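Taking the form solved without this ligand, here's one chain by itself in structure tokens.
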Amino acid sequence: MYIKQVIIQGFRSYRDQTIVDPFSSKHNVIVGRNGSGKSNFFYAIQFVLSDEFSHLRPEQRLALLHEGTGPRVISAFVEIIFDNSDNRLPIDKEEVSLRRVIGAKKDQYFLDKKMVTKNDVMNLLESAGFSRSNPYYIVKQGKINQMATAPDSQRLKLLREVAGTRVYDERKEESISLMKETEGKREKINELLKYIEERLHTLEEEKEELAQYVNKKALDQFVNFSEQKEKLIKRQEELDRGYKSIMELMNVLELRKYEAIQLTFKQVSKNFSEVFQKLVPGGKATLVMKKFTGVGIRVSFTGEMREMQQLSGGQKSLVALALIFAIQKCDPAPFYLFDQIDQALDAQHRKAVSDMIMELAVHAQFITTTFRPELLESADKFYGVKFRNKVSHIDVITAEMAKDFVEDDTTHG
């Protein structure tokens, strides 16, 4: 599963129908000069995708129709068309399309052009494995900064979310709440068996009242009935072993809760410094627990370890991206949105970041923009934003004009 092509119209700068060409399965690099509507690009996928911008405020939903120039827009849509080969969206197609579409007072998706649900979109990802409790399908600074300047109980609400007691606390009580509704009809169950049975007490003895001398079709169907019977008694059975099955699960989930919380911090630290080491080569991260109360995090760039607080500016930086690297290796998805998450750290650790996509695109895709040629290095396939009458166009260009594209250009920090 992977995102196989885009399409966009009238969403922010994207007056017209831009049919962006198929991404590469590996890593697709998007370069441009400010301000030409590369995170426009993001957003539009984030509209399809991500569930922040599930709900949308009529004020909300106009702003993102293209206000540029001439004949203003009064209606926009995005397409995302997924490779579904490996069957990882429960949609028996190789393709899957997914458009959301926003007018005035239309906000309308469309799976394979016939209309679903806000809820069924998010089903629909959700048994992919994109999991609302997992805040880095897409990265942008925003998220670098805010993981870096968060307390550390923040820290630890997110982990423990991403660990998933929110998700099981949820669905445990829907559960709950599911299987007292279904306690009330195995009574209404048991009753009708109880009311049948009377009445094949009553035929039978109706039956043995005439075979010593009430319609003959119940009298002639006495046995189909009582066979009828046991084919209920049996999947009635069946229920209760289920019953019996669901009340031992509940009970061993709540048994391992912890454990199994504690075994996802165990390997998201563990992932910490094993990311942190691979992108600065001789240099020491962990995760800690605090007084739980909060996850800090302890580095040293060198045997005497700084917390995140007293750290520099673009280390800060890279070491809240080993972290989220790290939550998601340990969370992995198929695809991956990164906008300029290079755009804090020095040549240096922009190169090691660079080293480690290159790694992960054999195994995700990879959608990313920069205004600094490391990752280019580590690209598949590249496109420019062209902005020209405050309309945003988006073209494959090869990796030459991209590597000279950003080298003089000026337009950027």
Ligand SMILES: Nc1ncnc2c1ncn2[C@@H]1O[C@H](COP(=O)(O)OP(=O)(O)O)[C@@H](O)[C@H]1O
Given for the second form:
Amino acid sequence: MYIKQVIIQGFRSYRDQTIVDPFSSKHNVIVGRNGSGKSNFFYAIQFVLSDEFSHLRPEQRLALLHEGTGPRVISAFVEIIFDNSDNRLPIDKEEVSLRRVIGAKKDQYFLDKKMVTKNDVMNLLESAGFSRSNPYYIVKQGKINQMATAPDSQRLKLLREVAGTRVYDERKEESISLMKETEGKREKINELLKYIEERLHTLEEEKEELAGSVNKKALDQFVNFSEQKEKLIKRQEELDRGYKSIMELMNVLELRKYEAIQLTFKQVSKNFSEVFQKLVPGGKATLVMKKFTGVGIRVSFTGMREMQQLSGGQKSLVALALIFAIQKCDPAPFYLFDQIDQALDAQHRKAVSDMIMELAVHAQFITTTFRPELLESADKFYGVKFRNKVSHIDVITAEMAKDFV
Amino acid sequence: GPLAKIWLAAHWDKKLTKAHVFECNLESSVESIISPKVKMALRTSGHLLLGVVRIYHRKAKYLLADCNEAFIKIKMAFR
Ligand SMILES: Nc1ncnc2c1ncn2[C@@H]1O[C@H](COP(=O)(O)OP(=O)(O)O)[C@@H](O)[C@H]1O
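Moving on from the form solved without this ligand, please list the structure of the form deposited with this ligand bound.
Let's see the whole complex now, leading with the same chain.
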């Protein structure tokens, strides 16, 4: 599963229909001058796929429409065409199109040209492994900062979300409510089977009464109704057995729940060290717990230090290292990185580039940069040009790319 | 796999046919979650739990429909 193609129209600086040349399944780098429209392009993709753009007040929706001279834009769409040869999307098609259309009072998704709800789109992407509780399939400089400057407490809450605490509590509550109304169905089933059973006893007495000496149709089909009753009884037994095994499952899960959270924490920290070691060959880093009340970062580039007491550039790299670790704990088929290398040393930008190079062997990356280190890990190159206050995207060469950085 | 069908029931349950619902052994599904081949995140278990409950609810729904219809059939045969 990956992003085959993006089409944009009417969206921020992309006034005209913009059919982006289909992406490579590895690393695609988008370059262009400041204010050419790189961020707007990422906005177009998060607009279709990201949970934070799912609920938009009218003013927020109108803010996405193109503003500029000429005829006034009053609708916009962004279409993402997925490659689905994976069948990672539960849609039996090799390509899947997801288009989001907005207007003055219109906000409408289309899955293969058929209206679907936002609830559908969310479920569809959850099916494929994109969890609302992982905010990191898309990484922007804001997210890196918000991570580098988070309280040890807010780190704890994040890892708990990723671990699944909110999801489990929600899934568990939904299940219990659904269990509870199923019990009413089961009761009605049992009353019905008893009514059927008394009808079969009546039929049997009526049949012996005539033999010793009620429409005939019922007497004719008595054996039929008795055979049918057993088929329903067998299915009723299966429900009874299913109720027991579900109650057992809920118990097992409530009891393993803390070891499950602790399992995820232990792996996130482990990847954190291996990721910082690869990025900063030499040093190493590690997480530590609170009074738990919070999760803390302690790191030494030297062959330990708290989070704040670090270079603002070093704070950026460590937080990014942690994001990579959270990603590896919960890997996804494609990643969108908006200028994640902005606040990094040149040495560290090449470290990140060398990492993506390896990661792009098994996942698609769509990234934007204003610096040239990431160009070495890229397989396709796109240039954004801004002319007449509208953005355009074209495929360019590796050589041309070293020219928009 | 077997849990792949439960996953579908959690998120995109419309892909599961009536035949799918009928065939699903909930008892071995649950044993697959309770004793996995590799330990799974609390989040995943929560999804799988809802999927199991969802298949179970659909079995009850179909069975209630069939019981109601069987009861109507029988008393219609009486007149
Ligand atoms: N709703 C909009 N309509 C038209 N142009 C917009 C809209 N929003 C932003 N822009 C313009 O698009 C340009 C910025 O695009 P942006 O993607 O942020 O630049 P960069 O390429 O540096 O990331 C600015 O000229 C900006 O004012």
